[PDB]
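Undergrad: Model the placement of chains F, G, K, K', C, D and J with the ligands on the given structure of chain A, informed by the hints.
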Amino acid sequence: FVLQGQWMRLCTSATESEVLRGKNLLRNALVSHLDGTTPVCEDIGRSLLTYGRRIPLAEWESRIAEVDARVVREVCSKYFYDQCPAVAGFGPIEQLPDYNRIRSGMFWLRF
Amino acid sequence: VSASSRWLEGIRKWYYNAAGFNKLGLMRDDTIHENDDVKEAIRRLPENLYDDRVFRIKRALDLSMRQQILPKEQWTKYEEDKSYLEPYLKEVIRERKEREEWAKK
Amino acid sequence: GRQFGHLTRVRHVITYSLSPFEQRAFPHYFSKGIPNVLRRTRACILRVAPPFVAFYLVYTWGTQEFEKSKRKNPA
Amino acid sequence: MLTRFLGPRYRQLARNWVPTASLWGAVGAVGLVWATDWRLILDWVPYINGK
Amino acid sequence: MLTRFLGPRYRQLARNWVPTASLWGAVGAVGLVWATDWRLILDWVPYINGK
Amino acid sequence: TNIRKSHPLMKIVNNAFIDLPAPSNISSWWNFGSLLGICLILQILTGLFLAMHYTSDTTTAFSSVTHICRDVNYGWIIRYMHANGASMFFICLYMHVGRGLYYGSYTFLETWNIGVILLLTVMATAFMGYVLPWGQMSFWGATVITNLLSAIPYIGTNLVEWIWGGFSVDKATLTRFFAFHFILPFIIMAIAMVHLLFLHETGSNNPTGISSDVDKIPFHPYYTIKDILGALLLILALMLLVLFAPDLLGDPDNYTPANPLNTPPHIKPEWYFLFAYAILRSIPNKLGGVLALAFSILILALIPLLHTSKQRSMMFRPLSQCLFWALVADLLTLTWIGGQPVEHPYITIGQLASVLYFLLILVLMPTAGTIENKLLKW
Amino acid sequence: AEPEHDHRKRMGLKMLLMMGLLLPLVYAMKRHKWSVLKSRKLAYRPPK
Amino acid sequence: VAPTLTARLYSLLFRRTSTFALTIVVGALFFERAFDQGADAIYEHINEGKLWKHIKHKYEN
Ligand code: HEC
Ligand code: HEC
Ligand SMILES: CCCCCCCCCCCC1=C(O)C(=O)c2scnc2C1=O
Ligand SMILES: COC1=C(OC)C(=O)C(C/C=C(\C)CCC=C(C)C)=C(C)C1=O
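Chains as they are written, first to last, in the authors' numbering: chain A, 336 to 446; chain F, 6 to 110; chain G, 1 to 75; chain K, 1 to 51; chain K', 1 to 51; chain C, 2 to 379; chain D, 194 to 241; chain J, 1 to 61. A prime marks a further copy of an entry chain.
Since the hints were derived computationally from the structure, they do not count as laboratory data. Heads up, a few of these hints could be off.
[Unchecked claim] Here are the computed distance ranges between Cβ atoms for each label pair: (1) C:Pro342 / F:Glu91: 54 to 62 angstroms; (2) K':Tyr47 / D:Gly213: 42 to 50 angstroms; (3) C:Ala232 / K:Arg9: 52 to 60 angstroms; (4) C:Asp171 / G:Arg42: 57 to 65 angstroms; (5) K':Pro46 / G:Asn36: 35 to 43 angstroms; (6) C:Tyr95 / F:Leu54: 40 to 48 angstroms; (7) K:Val33 / G:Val53: 53 to 61 angstroms.
The beta-carbon is built from N, C-alpha and C at its ideal position, and this holds for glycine as well.
Isolated chain A (complex conformation):
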């Protein structure tokens, strides 16, 4: 319920403030991730496969800095809103919501 209602809140009514938090959290993840020979090497190697470049940290900052609440509500709604999810479930899963009811969770009636 809570995970789904989160997705939807962010689809519809992402405030300005939390997006700056996420932006910082992401910057902090990024710099911190590229710590020492092994991460940076892995990121060189992978990046050239997947982007055909290495994308310089400043470019990521640029790409991050662009994003705000609208850029969230937009890009969330595009991917999340009223979309069929894939669910996988394992172990004691009697109470795992029926798929219809999960898929109902993928949009708000109020919106």
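TA: Just chains F, G, K, K', C, D and J with the ligands, lined up with the frame of chain A:
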């Protein structure tokens, strides 16, 4: 040994096919009414028999929902039908009837 | 009452499912449907039909007989 | 399916609750007598035949 | 006692739910228009003035 | 967390109609529960909108209903909807008790037992109902049914007058009745909720009779939508009646204003009482005949005690399956007999169907159940 | 006896043409939501 | 035009539960006209001279 007890057997095999729980992969012991005596004997079933029982019923209620039936191949052969519950059920009733005689004195 | 999570114990069973926006609501509706209803009727006729034909013949007789009973022919 | 309830103890325990069950019909009838003013019975009772 | 609800975030979040709330009165009135057959309004609508 | 789960009121709704585990599995024969509900409020609504115009005095009681159909804007739909609603309420009752018997549902004692109390109550209501326009079927309706109490040893007479408003069916009888017919459906609604509370304790039985704990599904969205199609189909079978054949399942006697001097030749109750009518006039005893009618319905009370089969449902029991449809057809037989006058074959066949009903249920079905036990080595 | 006659037959036509739209659409609505359940595939995978 | 139109419908009208509801409400008004027209006119055509709407011209003013 007998022509006639092979006939009571043929009547029994008829009624079995006719009842048609087989048709949904069920066994006779899947179909039993759950009372207290029955409920406990399900409690007493070993892990595998229990897990096999839940699957049979799950498969059947699924078919019953979609108003279907198995391939004839996949039905439960009368001879192949194991009264896996019988001994447990009997032991339960046996224990209950003891408690019942004791309650009488 | 009784609630999901607290119903019964179930081990080792994989359910595969599909979203209704991924699949037909009416799939092989006459291709597969008509063969089934036949099969289901075939399945049940000899239990369901005979009491109602039993009623049928007792109705059409009792009608025939009642109004023929309110008649004379000689004297 | 009441075979269960036939044994020495059960007859002791019925025999126990008999004077009580006796009196409970005494309560119940005399109440019905009074509540309907049953006429037929109450004529027998001195004082209470108020006619 | 509603001082709580006055800040930058709250105005962002109202500004978020504005086009929606706009349309919800569009839904609600036009429904009331149709359900009462409001005469006064519906004369304006081509096709629907059936007189 | 979800408001739907914890708010004291919404709680109740969610536990009953949203998150409630139903079987994956229950079929159309389960739709009657809800359609009975849909019947109870549809009867409450039209019944209300009718009560706004009806009057309960004899000298005006016919004339008021006429007033309704012809003058009261849409009083006709509002009325024939109400009158057909009632038979529709009966098609559902009989189908629901049908499903209950076939499939072993009676095992749940208090639920079925409440449900028996429900049936009597709704019978009693619909009788009072057709009395109200004060037609021919109404008067001898109110006459014959009350007079049943006269068969009680020593005290029956007094009661028959006590409910009547004195010495025969009169003014004091219609007013009386209108009040009872108003209060009883609300009482029904109370008992239906008690019925539900007891049901939801176990959750629903299913076509197999094997426990569906192993495959439960949330009521919403599956049985909200299966229930809606079901409800629509009820509105079809209702609206077909009201809009094409309003008079079909009623006597035209009720269209003649009550004459306490007539009693028409081709007399009968409403169709849903025709099975029962047959049963009671098949005995040339006052005392015997009524005691046959009582036992006609209060038999349902006994059904659980006569369960015999090691299996719950009838789904895998062809002997019992056969004797079941023998019961349905026999009941159709008694409906049909109820519909014919007390003359030549009609009499004997009617006595036989009477004996057959009480045979099938009391003796034939318990034995058939036991034979299948011995057939499965059980 | 019945002045409503032609009014009721008029509503009846609508009822018939309306049901004729709704019944397939309500059916299509149920058939949809149960489509998840109607096409579900079970596999049982116990040890040994 | 003949495939990518259920699409066009969905983007513009069906995504938002507002515009969804607006569509059903705006759509219902237009439907109530077209139905009470068409069906009344179907009901006309099946009688053609049984009804006072056709007789009207007989008894003037
Ligand atoms: C299905 C049981 C049933 C229920 C529930 C019920 N009615 Fe009736 N009622 C009937 C029947 C039957 C008639 C008689 C129909 C007929 O023949 O005209 C009727 C007739 C009436 C009439 C007289 C007008 C007429 O059509 O004959 C009134 C007034 C009325 N009911 C009020 C109520 C009210 C108020 C309620 C809600 C408390 C109610 N009814 C619910 C069975 C019921
Ligand atoms: C003589 C018994 C009987 C009568 C009459 C009866 N009920 Fe029931 N009802 C039951 C039983 C037993 C079930 C259990 C359903 C099952 O498990 O198959 C039930 C089921 C239901 C259900 C659950 C839906 C379903 O059918 O499974 C509802 C709702 C319902 N009843 C309401 C009603 C209403 C409303 C009435 C009319 C006042 C009524 N019942 C008449 C005994 C009956
Ligand atoms: C639950 C309380 C008991 C009330 C239930 C009523 C049972 C229905 C039996 C039908 C009785 C009946 C007759 O016997 C009869 O002769 C006539 S002539 C017009 N109506 C009836 C009539 O309704
Ligand atoms: C799984 O079993 C159940 C059903 O599916 C077979 C139902 O459809 C309903 C629906 C009940 C309704 C609409 C109540 C109407 C009655 C009153 C008195 C308001 C209930 C509760 C239920 O338990």
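Undergrad: Among the hints numbered above, which are violated by the structure, and what are their numbers in rising order?
TA: Hints 2 and 5 are the ones this structure does not satisfy, whereas the remaining hints hold.
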